[PDB]
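A.B. asks: Read off the chains here:
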Amino acid sequence: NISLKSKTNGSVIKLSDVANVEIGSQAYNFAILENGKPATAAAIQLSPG
Amino acid sequence: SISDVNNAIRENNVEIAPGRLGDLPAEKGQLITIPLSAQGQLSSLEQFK
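Chains as they are written, first to last, in PDB author numbering: chain C, 248 to 296; chain A, 199 to 247.
Honestly, the hints are just simulated from the structure, not real lab data. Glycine residues also receive a C-beta, built at the ideal position from the N, C-alpha and C atoms. Don't take each hint at face value.
What the hints assert, rightly or not - Which chain A residues stay away from chain C? Per the calculated CB distances, all over 10 Å, these: (1) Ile-200; (2) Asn-204; (3) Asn-205; (4) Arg-208; (5) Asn-211; (6) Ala-215; (7) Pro-216; (8) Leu-222; (9) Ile-232; (10) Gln-239; (11) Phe-246.
Claimed, not checked - Some chain A residues close to chain C (C-beta under 10 Å, calculated; not the full set): (12) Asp-221; (13) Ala-224; (14) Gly-227.
Produce the entire structure from the sequences given, and follow the hints as far as they go.
C.D. replies: Below is the structure:
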């Protein structure tokens, strides 16, 4: 719903009109698949001693 | 003034960061991905002059 000002005509337009907003990933470089399906992982390091 | 010369140097000599064609996220059916390179810095006395 953010509002921008159009220079061509001066009308008020919304950010959605000129772009698509969504919730995604900061980076798309890597992907993890568990048996061919989306997955995530975390490695646990043993504490010394 | 000196600030004008500094601004001219800054704008004319700048580092560009071109991305990639087909960079993730990528449209379906994309078969070729190739990096992009652009040299925005000046490398000679004549260029600065």
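A.B. asks: Hint by hint, note whether the structure agrees.
C.D. replies: Hints, one by one, checked against the model:
Against the 10 Å criterion, A/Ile-200 stays outside the reach of chain C, whose nearest CB is about 34 Å from its own CB. With a closest Cβ-Cβ approach of about 30 Å to chain C, A/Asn-204 is found to remain outside the 10 Å limit, as its non-interface label requires. No beta-carbon of chain C comes within 10 Å of the beta-carbon of A/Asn-205; the shortest separation is about 25 Å. Annotated as non-interface, A/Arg-208 keeps its C-beta farther than 10 Å from every C-beta of chain C; the closest such distance is 27 Å.
The claim that A/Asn-211 lies off the interface holds: its Cβ sits roughly 30 Å from the closest Cβ of chain C, which is beyond the 10 Å cut-off. Chain C leaves A/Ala-215 outside its interface by the beta-carbon criterion, the shortest separation being 16 Å against a cut-off of 10 Å. With a minimum CB-CB distance of about 17 Å to chain C, A/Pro-216 clears the 10 Å threshold, and the non-interface call stands. For A/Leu-222, the shortest C-beta to C-beta distance to chain C comes to about 4 Å, within the 10 Å cut-off, and the non-interface label is violated.
Under the 10 Å C-beta cut-off, the non-interface status given to A/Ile-232 relative to chain C holds; the minimum distance is some 17 Å. The Cβ of A/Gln-239 sits about 27 Å from the closest Cβ of chain C, beyond the 10 Å cut-off, so the non-interface label holds. With a least CB separation of 35 Å from chain C, A/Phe-246 remains clear of the 10 Å interface cut-off, as annotated. For A/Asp-221, the shortest C-beta to C-beta distance to chain C is roughly 8 Å, which falls under 10 Å, so the interface hint holds.
Residue-level restraint check for A/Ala-224 holds (minimum Cβ-Cβ distance to chain C is 9 Å; threshold 10 Å). Here the hint on A/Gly-227 is broken, as its CB sits about 17 Å from the closest CB of chain C, past 10 Å.
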